[PDB]
Amino acid sequence: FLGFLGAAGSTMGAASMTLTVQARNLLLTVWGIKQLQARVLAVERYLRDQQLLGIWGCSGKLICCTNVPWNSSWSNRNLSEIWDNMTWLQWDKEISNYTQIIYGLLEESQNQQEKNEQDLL
Amino acid sequence: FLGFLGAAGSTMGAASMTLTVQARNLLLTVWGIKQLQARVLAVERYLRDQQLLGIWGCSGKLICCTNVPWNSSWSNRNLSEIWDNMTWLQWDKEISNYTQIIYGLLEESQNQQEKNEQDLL
Amino acid sequence: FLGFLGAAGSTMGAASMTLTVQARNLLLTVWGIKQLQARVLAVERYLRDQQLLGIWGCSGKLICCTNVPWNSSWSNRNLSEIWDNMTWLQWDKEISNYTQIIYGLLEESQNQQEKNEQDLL
Amino acid sequence: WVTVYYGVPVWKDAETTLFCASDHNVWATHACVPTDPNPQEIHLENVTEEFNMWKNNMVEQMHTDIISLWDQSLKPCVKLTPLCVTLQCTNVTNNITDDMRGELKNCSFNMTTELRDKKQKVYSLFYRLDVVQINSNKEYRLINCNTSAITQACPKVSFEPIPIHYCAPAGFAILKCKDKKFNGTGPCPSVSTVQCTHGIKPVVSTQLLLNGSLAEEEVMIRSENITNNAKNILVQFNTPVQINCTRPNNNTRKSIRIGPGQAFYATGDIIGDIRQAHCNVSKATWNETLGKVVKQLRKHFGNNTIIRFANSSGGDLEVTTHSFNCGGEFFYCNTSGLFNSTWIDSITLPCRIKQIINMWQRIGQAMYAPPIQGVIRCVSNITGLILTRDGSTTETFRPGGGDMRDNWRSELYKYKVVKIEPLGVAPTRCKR
Amino acid sequence: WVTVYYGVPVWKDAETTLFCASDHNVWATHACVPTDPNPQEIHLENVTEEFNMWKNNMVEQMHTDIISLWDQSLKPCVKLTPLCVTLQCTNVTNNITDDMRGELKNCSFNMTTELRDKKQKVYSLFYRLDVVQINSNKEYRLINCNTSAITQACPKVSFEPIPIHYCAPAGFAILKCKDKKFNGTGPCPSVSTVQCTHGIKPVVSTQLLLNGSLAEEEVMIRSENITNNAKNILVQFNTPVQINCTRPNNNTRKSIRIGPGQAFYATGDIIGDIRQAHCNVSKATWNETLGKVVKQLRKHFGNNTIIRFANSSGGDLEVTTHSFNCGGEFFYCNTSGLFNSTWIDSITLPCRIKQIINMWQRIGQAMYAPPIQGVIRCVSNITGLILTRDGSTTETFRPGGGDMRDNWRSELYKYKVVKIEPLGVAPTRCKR
Ligand SMILES: *[C@@H]1O[C@H](CO)[C@@H](O[C@@H]2O[C@H](CO)[C@@H](O[C@@H]3O[C@H](CO)[C@@H](O)[C@H](O[C@H]4O[C@H](CO)[C@@H](O)[C@H](O)[C@@H]4O)[C@@H]3O)[C@H](O)[C@H]2NC(C)=O)[C@H](O)[C@H]1NC(C)=O
Ligand SMILES: *[C@@H]1O[C@H](CO)[C@@H](O[C@@H]2O[C@H](CO)[C@@H](O[C@@H]3O[C@H](CO)[C@@H](O)[C@H](O[C@H]4O[C@H](CO)[C@@H](O)[C@H](O)[C@@H]4O)[C@@H]3O)[C@H](O)[C@H]2NC(C)=O)[C@H](O)[C@H]1NC(C)=O
Ligand SMILES: *[C@@H]1O[C@H](CO)[C@@H](O[C@@H]2O[C@H](CO)[C@@H](O)[C@H](O)[C@H]2NC(C)=O)[C@H](O)[C@H]1NC(C)=O
Ligand SMILES: *[C@@H]1O[C@H](CO)[C@@H](O[C@@H]2O[C@H](CO)[C@@H](O)[C@H](O)[C@H]2NC(C)=O)[C@H](O)[C@H]1NC(C)=O
Ligand SMILES: *[C@@H]1O[C@H](CO)[C@@H](O[C@@H]2O[C@H](CO)[C@@H](O)[C@H](O)[C@H]2NC(C)=O)[C@H](O)[C@H]1NC(C)=O
Ligand SMILES: *[C@@H]1O[C@H](CO)[C@@H](O[C@@H]2O[C@H](CO)[C@@H](O)[C@H](O)[C@H]2NC(C)=O)[C@H](O)[C@H]1NC(C)=O
Ligand SMILES: *[C@@H]1O[C@H](CO)[C@@H](O[C@@H]2O[C@H](CO)[C@@H](O)[C@H](O)[C@H]2NC(C)=O)[C@H](O)[C@H]1NC(C)=O
Ligand SMILES: *[C@@H]1O[C@H](CO)[C@@H](O[C@@H]2O[C@H](CO)[C@@H](O)[C@H](O)[C@H]2NC(C)=O)[C@H](O)[C@H]1NC(C)=O
Ligand SMILES: *[C@@H]1O[C@H](CO)[C@@H](O[C@@H]2O[C@H](CO)[C@@H](O)[C@H](O)[C@H]2NC(C)=O)[C@H](O)[C@H]1NC(C)=O
Ligand SMILES: *[C@@H]1O[C@H](CO)[C@@H](O)[C@H](O)[C@H]1NC(C)=O
Ligand SMILES: *[C@@H]1O[C@H](CO)[C@@H](O)[C@H](O)[C@H]1NC(C)=O
Ligand SMILES: *[C@@H]1O[C@H](CO)[C@@H](O)[C@H](O)[C@H]1NC(C)=O
Ligand SMILES: *[C@@H]1O[C@H](CO)[C@@H](O)[C@H](O)[C@H]1NC(C)=O
Ligand SMILES: *[C@@H]1O[C@H](CO)[C@@H](O)[C@H](O)[C@H]1NC(C)=O
Ligand SMILES: *[C@@H]1O[C@H](CO)[C@@H](O)[C@H](O)[C@H]1NC(C)=O
Ligand SMILES: *[C@@H]1O[C@H](CO)[C@@H](O)[C@H](O)[C@H]1NC(C)=O
Ligand SMILES: *[C@@H]1O[C@H](CO)[C@@H](O)[C@H](O)[C@H]1NC(C)=O
Ligand SMILES: *[C@@H]1O[C@H](CO)[C@@H](O)[C@H](O)[C@H]1NC(C)=O
Ligand SMILES: *[C@@H]1O[C@H](CO)[C@@H](O)[C@H](O)[C@H]1NC(C)=O
Ligand SMILES: *[C@@H]1O[C@H](CO)[C@@H](O)[C@H](O)[C@H]1NC(C)=O
Ligand SMILES: *[C@@H]1O[C@H](CO)[C@@H](O)[C@H](O)[C@H]1NC(C)=O
Ligand SMILES: *[C@@H]1O[C@H](CO)[C@@H](O)[C@H](O)[C@H]1NC(C)=O
Ligand SMILES: *[C@@H]1O[C@H](CO)[C@@H](O)[C@H](O)[C@H]1NC(C)=O
Ligand SMILES: *[C@@H]1O[C@H](CO)[C@@H](O)[C@H](O)[C@H]1NC(C)=O
Ligand SMILES: *[C@@H]1O[C@H](CO)[C@@H](O)[C@H](O)[C@H]1NC(C)=O
Ligand SMILES: *[C@@H]1O[C@H](CO)[C@@H](O)[C@H](O)[C@H]1NC(C)=O
Ligand SMILES: *[C@@H]1O[C@H](CO)[C@@H](O)[C@H](O)[C@H]1NC(C)=O
Ligand SMILES: *[C@@H]1O[C@H](CO)[C@@H](O)[C@H](O)[C@H]1NC(C)=O
Ligand SMILES: *[C@@H]1O[C@H](CO)[C@@H](O)[C@H](O)[C@H]1NC(C)=O
Ligand SMILES: *[C@@H]1O[C@H](CO)[C@@H](O)[C@H](O)[C@H]1NC(C)=O
Ligand SMILES: *[C@@H]1O[C@H](CO)[C@@H](O)[C@H](O)[C@H]1NC(C)=O
Ligand SMILES: *[C@@H]1O[C@H](CO)[C@@H](O)[C@H](O)[C@H]1NC(C)=O
Ligand SMILES: *[C@@H]1O[C@H](CO)[C@@H](O)[C@H](O)[C@H]1NC(C)=O
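These protein sequence lines are chains B, B', B'', A and A', in that order. A prime marks a further copy of an entry chain. Mapping of the first sequence onto the authors' numbering: residues 519 to 545, 568 to 661, in sequence order. Mapping of the second sequence onto the authors' numbering: residues 519 to 545, 568 to 661, in sequence order. Mapping of the third sequence onto the authors' numbering: residues 519 to 545, 568 to 661, in sequence order. Mapping of the fourth sequence onto the authors' numbering: residues 35 to 57, 66 to 141, 150 to 185, 187 to 309, 312 to 323, 323A, 324 to 396, 412 to 458, 463 to 503, in sequence order. Mapping of the fifth sequence onto the authors' numbering: residues 35 to 57, 66 to 141, 150 to 185, 187 to 309, 312 to 323, 323A, 324 to 396, 412 to 458, 463 to 503, in sequence order.
Heads up, some of the hints might be wrong.
[What the hints assert, rightly or not] Below, simulated DSS-like cross-link-like pairs (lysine-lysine); rule was C-alpha separation at most 25 angstroms, straight line:
#1 B':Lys574 to A':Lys117
#2 A:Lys168 to A':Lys171
#3 A':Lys421 to A':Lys117
#4 B'':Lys574 to A':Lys117
#5 A':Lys171 to A:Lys169
#6 B:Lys574 to A:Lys46
#7 A':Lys46 to A:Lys207
#8 A':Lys117 to A:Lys121
#9 B:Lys574 to A:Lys490
#10 B':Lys655 to A:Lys502
#11 B:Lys633 to A:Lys46
#12 B:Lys655 to B'':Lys601
#13 B':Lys574 to B'':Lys574
#14 A':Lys121 to A:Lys117
Worth flagging that the hints you see were computed from the coordinates, not collected in a lab.
So that you can see chain B by itself, here it is in the shape it has in the complex:
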């Protein structure tokens, strides 16, 4: 089918089947420095996202189901609109202002279960 970003205009539930397509595309001394800086940055950006998935308990996954409830104030829409009408670019704009709140909540719930799992052992 289409490769990298081919699903960009597709709906969210049509997309999200192509997650490995995008994940794999994230990987004279003056020209040397410019190229190394570009390569070092690609590595650093990749690792920051991986660390973040790790602290949320989603390490090694592309689709991670969490234990944080959705607040209707973040987006009062049903699943039919979100997954069948909207694209990911549109969604990202709609909930931009709630991203940091959601991220904080994801970290907190992982810390709590990580500890509960120790008490049960």
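Let chain B serve as the given structure and place chains B', B'', A and A' with the ligands on it in line with the hints.
Below, chains B', B'', A and A' with the ligands without anything else, positioned relative to chain B:
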């Protein structure tokens, strides 16, 4: 016992007990650039293999058991020959032409179970 | 509350609730080389610790419960002293001489269960 | 309810460092990544993206990269410091036509030798634009002597504008707008993702854009603000106009040793007749082309408006003329024969030649262009114009230029660089 | 059935960048990684690996690294441009022996001073190989004046060939062939993995290989193609031949200031008698050694074949003689006394000395070697030869050389660089 690559001449099942031995060995401005390029490359190569294990569902493991059947056309041999007679260098030559097919199948089966696991939750 | 290293003077069990605080802080051509070397090193140090957690079976976790027994010769103290009186800086000094022994044991027990888990499948 | 996805096809505008790739150059030689023989392009269905060619930092990057590469290619070459001497000059009158009477000067001077103890008397030909009369009526100095050091370009490095492909680093992507009739700003449909840009030739010129790409259907007028007379108008042709330029003088070159391992390349006597350099533009083609340009200008200025073309305003030769580099020599051609009309064989444009070149718009770094032996003939495509509007029933357009960024903006207008942001969250209906 | 393993002991041939490590140098100083005091070597049981010393890119890398380090060590040193002047020269006849009559010249010249307004008359001794007669029968110039600029090596940086260890970057490994009687190509058993190479001394020489490693059991003959007379033969001895070289002239040095913070080091009058530089090779040792070489050549050419040794062919001094650098001075010794025999005290080889050196095989970068005070005595090991076969019942062997890669290929022949490929799959009998 022997360290890095010590098991190279050993059979596949004698080897594969030494996986941590090899895994741990993967980690004037002109000399500066040459050394940084070597270090940056070592990091990039390491991360590509880790990403690949991740999309196959083998993150965090050295021995990963998958859900893809073996096609006898890739190598029509039994377990006794593969694990007790052959070395890993010999095996790699024998199935070189099927590596990309196998990798594609591993990615596909992970995508399918990753989705089934969401429907069950 | 306090941020990075804020818990440094806290006891071990008061600390160890702040693990994500510290984990997130680990991330003219001559000035170019100096800065790149600092950035490349930060990446390499991060990855060595992650590889090590991986071979011990603790990938993706901040608190990992293992299957290696504690030898009283490493530190003959009870849990009350270790978790309620001591700080992590004090503890690190107390068991510095046993760190490599413990690390070797952690690798060995993971290799054994990684293999047992294959036989059971 | 909250679920986390990684690998989500989302992006944001971004500014990054792009690297060069390509299939004895001034620019890209071995410090350039070999290209992919089968590069990818992915059409994005249902994607509308906003582009703005006037805010495109790929242009600023290219400008910086070509200047830096230019300098690195002069750095190891011969310094001509010993040449800034008093010259004794007379006129070249041997078989000189009227068109060049007084254009070439025959100058003698006392040059250094391999040995510090000895001097040599040598002579060479210079163009009048390369020298300044001082004081003794035959005494001259080179034009750059009171301004800057001059170096000689190494005569092994060509100036041929071999194309460069710009490629994005991982985590970034280049989006291409394929919408025909795209005027440089606003949204456009028909967006595709590419690994790298097409090959863009770093052709350096003023007034007329040479050897670039063509418009897909019709002549297009692009500007930052079409009603602002302080802004330039870039005109892209949908058909080329062929232009043939030449220096019809059989030159010879001589090497003067000036030091232990260094030599100056001087122009020797001209073989045969001496004639003026010039460029030929087919008249009918130019007239048809200009036809199309006016038809499109009227869309912005009125279809009952009188549109006049006029030659350039006064100022520095580097701006008022059509500058280009061909065959290894720098030409300054007079375009008043192209821009002289109300509304809308061959047209011959006379040209001047210089040896001392101040590149870009810098002061302090001059270069000497070694002469080229034999006769130079160039054939190239005019692919567009840079116009400035002079300004209630009529408008006057004149040739403009000199700011090299306008010559790259015309090729990079289709590209945008974005950053990929693979994480996202959404509600779903599952629970860990 | 499919299972995935990570950390699999598999490798492929690869080409990468190796870094230098080591335990006022030209080469490795502080830009070199300190070595591991207890380096590892791992024997690989049951591993057969194919090696090819003639396709080993470690050789190309070493060649590039040593040339670049060489240049970086001359870059900050004094330029001798002011020295390329007319010299007034006479002969040194004071206590001169017959062997050197006409070899040294006493030259006077007008040199610059710290102050731009003043000149000084100075004199120094030069070897006849450093100067060219011009025109006035006493007028000379330095040999490099019509070719290249010359710089003076800084007399604080020694040329002593301190050993360099090459180490692989992570993800790569160096395999060593320990198979005795390994001729450079084909498979060999007894392969071990090492972190780094042993220390290899960047000794620069022609014809005779000095101070290298020895063969483990017997003299070995190695070539790319033993039947191709266009290829060189590398001969590795299993025993050293000791060679003693000297310059028996008590020289003195004088410093001539030539500018504000710069000085030229000149050779002053020679103290005592003036005698020819030479090298001594024990005759019996040479004869036994040559014995062993022929015995082995016969394995490829026939045991009833007549093998003759002859001196070098004509050509540039740098090729036809045995060049080496010892004590800080560059010697050119005549080896016709070593290669003059059919089949198979001391042998004295006369030598010439030069001050102006064109390194490697480059043109354009010359260096002046400051003179060394006192008397030079060197003791070194001949560890092998570079031979060329001149070619129906006989073969003639002559000394060869000049291509420095042949001097490193002789130490790096045991090493191969491979890339580790840790992933692999195999059938097993389990199911996720
Ligand atoms: C617009 O594009 C056209 C073509 O796409 C381009 O014209 C080309 O210019 C080059 C350079 O002037 C021409 O190539 C030269 O042709 C002459 C013919 O006698 C040769 O002598 C030249 O070779 C010498 O110089 C070389 C420099 O490295 C040396 O390597 C060589 O040994 C010789 O010394 C050289 O081949 C080329 O033929 C034309 N192309 C065509 C189709 O005519 C034009 O210049 C571009 N316009 C601008 C303004 O850049
Ligand atoms: C083959 O290997 C042998 C040894 O392995 C090597 O011989 C060594 O050469 C060096 C350089 O000629 C000798 O060291 C010198 O000895 C003289 C004796 O009077 C000293 O004066 C020298 O010191 C001066 O120069 C130094 C340079 O940095 C200064 O730092 C110092 O202050 C002095 O100015 C210097 O010590 C060394 O002794 C010999 N070794 C032996 C055993 O004789 C030989 O050259 C190698 N062959 C080749 C061709 O490289
Ligand atoms: C430029 O001037 C030089 C002299 O400075 C001319 O060269 C001389 O031409 C005459 C003609 O017979 C010769 O006899 C001389 O020997 C030439 N002098 C040298 C130094 O070669 C030269 O021809 C003039 N060039 C032009 C184009 O007018
Ligand atoms: C460019 O070419 C034109 C055409 O040859 C030159 O035009 C002449 O300019 C002088 C200046 O007053 C006029 O008197 C002539 O009548 C003009 N000729 C024509 C046909 O118009 C023009 O000067 C050239 N420009 C430059 C800067 O040299
Ligand atoms: C001037 O423009 C024409 C038209 O674009 C160029 O000729 C085309 O070159 C492409 C190269 O692949 C061919 O596919 C086209 O078929 C050509 N068109 C025609 C009509 O032949 C021409 O090469 C350009 N000239 C220069 C000097 O670049
Ligand atoms: C620099 O000067 C030397 C010495 O005159 C030139 O080398 C001579 O070239 C002639 C050409 O026929 C030979 O016959 C001589 O034997 C050469 N002499 C030596 C010592 O080799 C050299 O060619 C000159 N270099 C340049 C660039 O002109
Ligand atoms: C080289 O020539 C110089 C002169 O150019 C000789 O130096 C002179 O030697 C006489 C001997 O009594 C002294 O009186 C002079 O004062 C010396 N001149 C200078 C400038 O010192 C020098 O000895 C000659 N060297 C050799 C080796 O012959
Ligand atoms: C190298 O040394 C040999 C031996 O001293 C020199 O050989 C002499 O060469 C001349 C040239 O014709 C002969 O006439 C002599 O008879 C040779 N002597 C002997 C003993 O054979 C040789 O010339 C030297 N090589 C160089 C390049 O100087
Ligand atoms: C010439 O070769 C001999 C033989 O390899 C070198 O002497 C050996 O040096 C090693 C260094 O560890 C000792 O272990 C050997 O026992 C030595 N052999 C003998 C017979 O003593 C000698 O140093 C070499 N000479 C030079 C100048 O490198
Ligand atoms: C949902 O968000 C609002 C503010 O936007 C907050 O007050 C409310 O408590 C949130 N719901 C829950 C369950 O926390
Ligand atoms: C639920 O889906 C229906 C489909 O028509 C839509 O009209 C309704 O507004 C959606 N719910 C919300 C909260 O918007
Ligand atoms: C096994 O491979 C062959 C081709 O090599 C293919 O046709 C066959 O369908 C494969 N088996 C399965 C179960 O897909
Ligand atoms: C199975 O193992 C036996 C052992 O002798 C071997 O002969 C046989 O060929 C093997 N099976 C296959 C498919 O080769
Ligand atoms: C505990 O450590 C001691 C040495 O410090 C060792 O002898 C003992 O066997 C260890 N205990 C176990 C269970 O291995
Ligand atoms: C256990 O805790 C008590 C608390 O007072 C302490 O006294 C005792 O020494 C501890 N055990 C060990 C092994 O030190
Ligand atoms: C002009 O050209 C002719 C062509 O042969 C030549 O003979 C004549 O000498 C030239 N005139 C001068 C002054 O060089
Ligand atoms: C050269 O020609 C120009 C043309 O105007 C004239 O003014 C000048 O005086 C001439 N120079 C000489 C040296 O004759
Ligand atoms: C060269 O120097 C001499 C010295 O007398 C002078 O006469 C002559 O005019 C100079 N040559 C030139 C072209 O200035
Ligand atoms: C370019 O197209 C956009 C599309 O809306 C339009 O707004 C803009 O004014 C156009 N540019 C000019 C110069 O008219
Ligand atoms: C275009 O230029 C006119 C000239 O004054 C100015 O008023 C207008 O605001 C400019 N357009 C924009 C979008 O700023
Ligand atoms: C340019 O030269 C070509 C032949 O190379 C010719 O056909 C064309 O008409 C010329 N153009 C002009 C404007 O003379
Ligand atoms: C433009 O044409 C006029 C006609 O009089 C002329 O005077 C002027 O110098 C020309 N300008 C340029 C830059 O050629
Ligand atoms: C410009 O057009 C006028 C119209 O009469 C013509 O006379 C004049 O020569 C033209 N100028 C040029 C430079 O061709
Ligand atoms: C230039 O003159 C020389 C003289 O023989 C001739 O051979 C050469 O072909 C001429 N060059 C041209 C381009 O006509
Ligand atoms: C030759 O050496 C002796 C040794 O004392 C010395 O006296 C004599 O002057 C020297 N000869 C010359 C010409 O220097
Ligand atoms: C120097 O000695 C050589 C030996 O052949 C002789 O030819 C030369 O003329 C001598 N030079 C002087 C200046 O006497
Ligand atoms: C130094 O310059 C003077 C100036 O008259 C000259 O006579 C003398 O010969 C020069 N010296 C040399 C060695 O050339
Ligand atoms: C080197 O040994 C290999 C081993 O087979 C042999 O084929 C090769 O010909 C030998 N080299 C020479 C020069 O004989
Ligand atoms: C060795 O050289 C001979 C000389 O012609 C050639 O025929 C032969 O093919 C060469 N050996 C190889 C392996 O190419
Ligand atoms: C070299 O010198 C040593 C003593 O340092 C001596 O024993 C040896 O025989 C000499 N070699 C020759 C060839 O003279
Ligand atoms: C080799 O020996 C011969 C003997 O006649 C001699 O002529 C020749 O010059 C010598 N060659 C070299 C390079 O020494
Ligand atoms: C070479 O051997 C011959 C044999 O007669 C001898 O005369 C000659 O002097 C030798 N040459 C050298 C340079 O020793
Ligand atoms: C060189 O001569 C000086 C003069 O006193 C003497 O002291 C020194 O030892 C001599 N050098 C040698 C190596 O004999």
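Cross-check of the supplied hints:
1. B':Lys574 to A':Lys117: holds, 20 angstroms
2. A:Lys168 to A':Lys171: With Cα atoms ~17 angstroms apart, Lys168 of chain A and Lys171 of chain A' stay inside 25 angstroms; holds.
3. A':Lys421 to A':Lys117: The given pair, whose Cα atoms are some 21 angstroms apart, holds under the 25 angstroms limit.
4. B'':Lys574 to A':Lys117: holds, 23 angstroms
5. A':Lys171 to A:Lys169: holds, 20 angstroms
6. B:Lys574 to A:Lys46: holds, 22 angstroms
7. A':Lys46 to A:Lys207: violated, 40 angstroms
8. A':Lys117 to A:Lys121: This hinted pair holds, its Cα atoms lying about 18 angstroms apart.
9. B:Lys574 to A:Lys490: holds, 18 angstroms
10. B':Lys655 to A:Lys502: holds, 14 angstroms
11. B:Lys633 to A:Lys46: Holds, at about 10 angstroms.
12. B:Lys655 to B'':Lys601: holds, 11 angstroms
13. B':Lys574 to B'':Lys574: holds, 14 angstroms
14. A':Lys121 to A:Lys117: This hinted pair holds, its Cα atoms lying about 18 angstroms apart.
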